[PDB]
Amino acid sequence: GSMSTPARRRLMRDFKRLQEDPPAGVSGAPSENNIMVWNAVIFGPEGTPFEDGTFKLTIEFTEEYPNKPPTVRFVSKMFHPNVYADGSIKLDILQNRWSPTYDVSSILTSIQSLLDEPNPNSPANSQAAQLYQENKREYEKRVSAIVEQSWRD
Amino acid sequence: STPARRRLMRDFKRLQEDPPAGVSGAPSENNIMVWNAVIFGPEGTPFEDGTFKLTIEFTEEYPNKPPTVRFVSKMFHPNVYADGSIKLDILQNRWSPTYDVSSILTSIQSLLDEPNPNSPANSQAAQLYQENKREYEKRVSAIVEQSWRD
Amino acid sequence: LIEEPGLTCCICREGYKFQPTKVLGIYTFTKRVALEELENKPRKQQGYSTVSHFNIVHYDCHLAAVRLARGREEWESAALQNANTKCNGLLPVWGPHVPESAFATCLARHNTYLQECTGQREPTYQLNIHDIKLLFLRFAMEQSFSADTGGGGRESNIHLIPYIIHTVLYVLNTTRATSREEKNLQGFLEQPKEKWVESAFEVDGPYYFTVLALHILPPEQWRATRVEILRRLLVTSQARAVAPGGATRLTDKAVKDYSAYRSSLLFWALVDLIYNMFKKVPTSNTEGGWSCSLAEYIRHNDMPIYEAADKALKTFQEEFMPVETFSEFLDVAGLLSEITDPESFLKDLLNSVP
Ligand SMILES: [Zn+2]
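Protein chains in written order, with the working numbering: chain A, 1 to 153; chain B, 1 to 150; chain C, 1 to 354.
Think of the hints as simulated: they come from the structure by calculation, not from any bench. Treat the hints with care, as some may be off.
Claimed, not checked - The calculated label-pair distances, taken between Cβ atoms and stated as ranges, are: (1) B:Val34 / A:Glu46: 46 to 56 Å; (2) B:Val34 / C:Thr286: 20 to 30 Å; (3) C:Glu220 / B:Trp148: 36 to 46 Å; (4) C:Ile2 / B:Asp83: 23 to 33 Å.
As the list claims (entries may be wrong) - Away from chain A, derived, C-beta distances all over 12 Å, residues of chain B: (5) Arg10; (6) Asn36; (7) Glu43; (8) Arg94; (9) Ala126; (10) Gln127; (11) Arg149.
Ideal Cβ placement from N, Cα and C applies to all residues, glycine included.
Put together the whole structure using the sequences plus the hints.
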């Protein structure tokens, strides 16, 4: 697709970076035709209730990339204090604190590490934020439900 | 093929079908993004009988961003730096995607006749163009003769 | 496709290997300060001092990021691509295949940035030489670099030196102001020893002319002027120590503690190590003297300079800073081949000046 624009030229660079040196637990790739839409899977890291989960999410870029951040949402069902009800991720790096130096690899690692250590004081899901600090048993029980649900796709 | 290259092909057509008098450019045999043009010195000006050869470097951001127009033959002109690059409004600030290789080459030879010492690049040349016209055309003639070697 | 060896813009990850005509810039932070603190005048003569975390962006990539990010300041916006360390300027570098029309346009943009944060309309190269002088003094006096920005220290600002030097070389070469400062520098060297005490409290003192000599004197001319400049720097330390306000003649001509001479010796060492970085520069006979030969070397050797800068910082940080005696300084500096009497060289110098 020519890849003449500034974006795409960067998205190709993010692709080769994510292809030849992908972080552990995450893996992504653009659509076969439209490079402005990527599909990435984030495996649940160990030591957390998200383990053994195949969480899929889609990333949507514009031609303003990398000056403006991409819209990232979870396709798989997610129960996390920093994840809204429609897959939106309440993360500063993806919104106000977005740096034009961040690439797709740095976005996937920030979301991967967000599953291990959530940020409950700034909640997007009121139900998951209260369970992460109060009843650790119900939190890891509801997360195990979406781990089995991540297999249903 | 990219949008910049397909546009560069259109620039080659209008420069081969309607080539303005005093200029002649063409891309390199290998790279389409690197052009080489000649601008014959306008008649009635101190640059007469001069064959100044230039180079035009394009990027994939063409035609949204102007190319790198650079002189190869040595040039003593107020709006021409020492490395060949040109301080021209259409090549920097006031660039428009509606311009092409022909509109640039024509606007360059027009600058040889009508320089702009108000915002100069060669201070020694802009000083001679306004203060001592006799000496200004004496060094320009030395640049005309110098453009005949290789 | 491939990675870029040299300097890379952190936004588009591309450098000269794929965009050899796009200007690269260094995010800098400059603030309005006094040129000389020991100036006996009530209101100090004003200049500016700059620092950097040494983060690289294309000048177009910087504008594209701040333009698309409407609602926040341009320099509050650039902090995110500058490792969260605030900045207010973008020092341009002139690449080998970059047109002079593009570099001169970016240097004017950086000069306007300096006019805003420092209030100094028309930032001349003289003000820029003092900017290098004040940056050298931050190294020699162990001052903070991250105090006003939030990050970056000696490691960051040691790589800012060659390109901050470059803007002085560029103005000196286009405006043909080399010979004027050449004759102006030789006037400082030829100053009789009665003026030496008075010059230690002037703005264009021995520190400024040392930075100037770095820009217009070849390495061979430096080694000949090393000791003479060393004498003027040592007398500067004693003058500013025994009379921190002002003085015309040396009253206390007795050798003081090494802590009084340490600032000038590290200043001298930092300059000599930079000359060692540029020891491979062609001397002359190449369409210009030293300010031309050095400018082209800085222009074409971004990566050889980077390693030499880290090597120079290593020598400065490991060998020069821990020096405790003046005799040890001459050992590390290597001046024992031409200064055979270290004990007498000091006390005779402070006695040689009125
Ligand atoms: Zn860039």
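Status of each hint after checking the structure:
no.	hint	result
1	B:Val34 / A:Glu46: 46 to 56 Å	holds, 54 Å
2	B:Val34 / C:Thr286: 20 to 30 Å	holds, 27 Å
3	C:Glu220 / B:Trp148: 36 to 46 Å	holds, 40 Å
4	C:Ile2 / B:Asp83: 23 to 33 Å	holds, 27 Å
5	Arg10	holds, 15 Å
6	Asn36	holds, 23 Å
7	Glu43	holds, 40 Å
8	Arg94	holds, 22 Å
9	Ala126	holds, 36 Å
10	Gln127	holds, 41 Å
11	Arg149	holds, 39 Å
When the structure is compared with the earlier hints, no violation turns up for any of them.
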